[PDB]
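First, one chain by itself: the form deposited without the ligand, in structure tokens.
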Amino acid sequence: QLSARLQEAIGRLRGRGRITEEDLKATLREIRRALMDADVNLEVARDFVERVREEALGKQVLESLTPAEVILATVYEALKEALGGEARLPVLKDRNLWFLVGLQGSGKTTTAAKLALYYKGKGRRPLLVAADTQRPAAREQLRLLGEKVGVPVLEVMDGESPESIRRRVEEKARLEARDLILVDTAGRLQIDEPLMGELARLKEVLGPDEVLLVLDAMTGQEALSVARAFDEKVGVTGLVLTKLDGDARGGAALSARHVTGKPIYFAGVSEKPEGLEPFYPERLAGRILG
């Protein structure tokens, strides 16, 4: 399963007995390069191999008779941990309101319907909220998806205030006894201050319990910078990684976790409402390294 590059780096060192510190640094340099190829941000990839270095030495890799096995195990182990360790799903309570936030076209509208269907199946009574008034047909988009998964959709009006939104949502959720409110917000640049302000004010007024950063698996080096800005300017609580049905390696997930420390709750694995899975750190660790 391992990548061409890493098959060589570790293969080199098998059967040689003990290895030198130079051999370690040479290896860690190849792991670094491999992570950058897997779209891990370059500062994060630097820090990641420095973490590996400490752990490998803390396993006395210099004295080991199978040090290439030690190194490779420690990469697999450190990357799994850095991606969250074990599968972790959100903890729901009696009242639940979540935002879906992020960059343009990352999969927020589609993911909202996926979550609605997922939680419907678990006795939740979701409400979808079409809060994107700019993207053409965006409200019809979520309405059609809502109809497919058998979940109601509240559609925000043009120029409607957050206060008026809170009001109509509180009203419908109560009158319909709905305990999972899914707010689909428009994609925006992390540097677009008025729109990042709009999102912070919407958070301020609506008080979501979760704010899910929807991140496309093919996102490159800006992932760090994007995750940081959303979390500083708005405050993120969790992550959804989309388009994992592609062949992008998904290194942006490590960048996002590195700078935010937030869990990656879900994976998106198709265009259809069924295409949702719990996220498994180990599974993506393998993907990044393969």
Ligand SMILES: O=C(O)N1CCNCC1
Contents of the next structure:
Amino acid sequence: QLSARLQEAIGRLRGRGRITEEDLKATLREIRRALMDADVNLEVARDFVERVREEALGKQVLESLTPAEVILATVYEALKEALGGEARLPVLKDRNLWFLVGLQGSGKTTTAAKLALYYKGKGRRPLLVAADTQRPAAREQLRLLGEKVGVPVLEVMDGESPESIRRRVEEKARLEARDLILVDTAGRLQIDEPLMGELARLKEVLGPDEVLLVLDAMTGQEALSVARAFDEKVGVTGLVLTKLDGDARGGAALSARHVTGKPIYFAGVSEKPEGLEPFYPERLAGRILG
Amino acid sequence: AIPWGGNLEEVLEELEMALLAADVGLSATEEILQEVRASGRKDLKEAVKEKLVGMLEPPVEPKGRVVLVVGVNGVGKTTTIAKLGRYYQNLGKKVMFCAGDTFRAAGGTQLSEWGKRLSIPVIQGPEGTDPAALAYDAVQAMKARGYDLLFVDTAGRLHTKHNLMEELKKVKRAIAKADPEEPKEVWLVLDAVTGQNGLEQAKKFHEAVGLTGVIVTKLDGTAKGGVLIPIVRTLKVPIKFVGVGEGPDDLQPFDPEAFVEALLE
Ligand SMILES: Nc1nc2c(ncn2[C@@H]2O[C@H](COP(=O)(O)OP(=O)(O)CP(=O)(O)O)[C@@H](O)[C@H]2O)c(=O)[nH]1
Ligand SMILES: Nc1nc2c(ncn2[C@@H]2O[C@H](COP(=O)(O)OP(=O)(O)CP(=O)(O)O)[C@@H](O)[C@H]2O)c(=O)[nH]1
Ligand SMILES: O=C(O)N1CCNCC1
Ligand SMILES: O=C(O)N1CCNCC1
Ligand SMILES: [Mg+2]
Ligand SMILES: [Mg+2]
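Now show me the form deposited with the ligand bound, since the one above was the form deposited without the ligand.
And the full complex, kicking off with our chain again.
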């Protein structure tokens, strides 16, 4: 079930006997190129195949009687591990406050409501916070999702200070015993210094225990710079990969995890609030390579 | 940066890196490099620019009165329509919008708020209303009231969802039922940060409703929008406008020379 280029790269070694390092090099070049065709950032794809090269050599690939299969298994296992190995979700505390952050259009508002529904069904009492005051009808959008999922939505006022947001959030959470606070932020470019500064100040005041970079699965090469900047300027604790019900390969997930070292917690698989499940590194590894 | 002036081998290696980093993709990158290697020219900077600018040509005047705006979830459709209204009202056109996104929460409201800010009328219906029936109504109002341009917003949809691509065909057919010449423009909106999936989006929207143009949004970001190169090469669809922000003025007619200059920076 591989992509055509990988099928050709691996397949042409089959039944041809033991390989030389020249054969390994030519194969790894094609693997690198396949990863780029799957939207893995070019630098991350290079680092990845360099790692694979040393692992395959260390597994004595040059003495293997089935080098095509050894290389393929090495790539798949390395990609699975590089994407996180196994599913992992955020550690719940008595009180949890998470930000959803990212680029314009990535899926943040929808994802906030999905997380609210997911965790309501696991005994939490969420509170949605509509902190996007710039996009027209942004607060109405989240209000309407909140109604759909049966979760309250505190709406931030135009011009409201982070300290006022904290005060109001703390009071509502205390009164109603809300223990998972999900803060939906406006989409922003990673190079928009004022808006990145605003987001960092909100984090400083609200003290989120997770800051989730919501990344569209169709994101290209810029995923590396985007994830790095959100991590350096704000601090990312994990990722949500959205719109995986499309056919984008999702290589950006590798770019983002490579530069942050942070887990991809969840996958978005529908427009519907029910369209969230844990991220399975194994599954995305197969999609990237397929 | 690409060392223009230096030796050929190092120019081509940084050019390759630059194109791939820009989301131009493997096939178009290789085509660009092969032609330049078989160029034999001392001013490589100008020869490369000329090849890329040639790949991207298959005030912007719509070919008719109705423009159907399509694209996947999140790309910038509704905002781009707002900007298009500002652009055309600045040229003296009588513009209206149809809030054809009757599916997503606050889709209609979002466009309605732009319409108020811009003094542009918006044809709207209740949530869940058939967008095809609404578009038909908007086209008959356009005709009866003598409007120059109608922009039809559509709900975000993934191109892998056959049923949603059919709904989009129904909207186009409804427009043509109201006015058999129309719509004379079907414009795909593509987010600049998109990788190689952009080409698949373009191919599938083109197969469904026949694109006459592409608008690339969010080019104020760091992404270069390079997947436009394989899109124009494959489908021969022209790039019409670029989005460069979140305000009503943040739209520019496509400028291939500047696009390519930015792509290589
Ligand atoms: N098919 C599908 N659509 C999704 C998924 N996640 C979000 N969407 C959709 O993508 C579009 C954008 O979602 P939205 O939640 O508004 O994104 P956002 O990042 O908050 C937009 P902004 O940056 O302006 O705040 C919506 O049409 C929505 O239904 C998903 O997992 N699958
Ligand atoms: N920085 C920047 N943001 C843009 C540009 N065009 C649109 N956006 C932004 O992207 C986000 C999504 O825009 P929107 O117009 O809602 O997109 P859409 O495709 O209609 C979303 P849906 O598919 O759900 O209907 C908004 O936050 C908006 O301000 C642009 O050129 N630059
Ligand atoms: O809710 C909290 O503040 N907690 C209690 C559970 N562990 C970490 C801190
Ligand atoms: O849960 C996951 O990680 N998925 C879901 C949909 N496809 C790719 C991976
Ligand atoms: Mg939002
Ligand atoms: Mg819209």
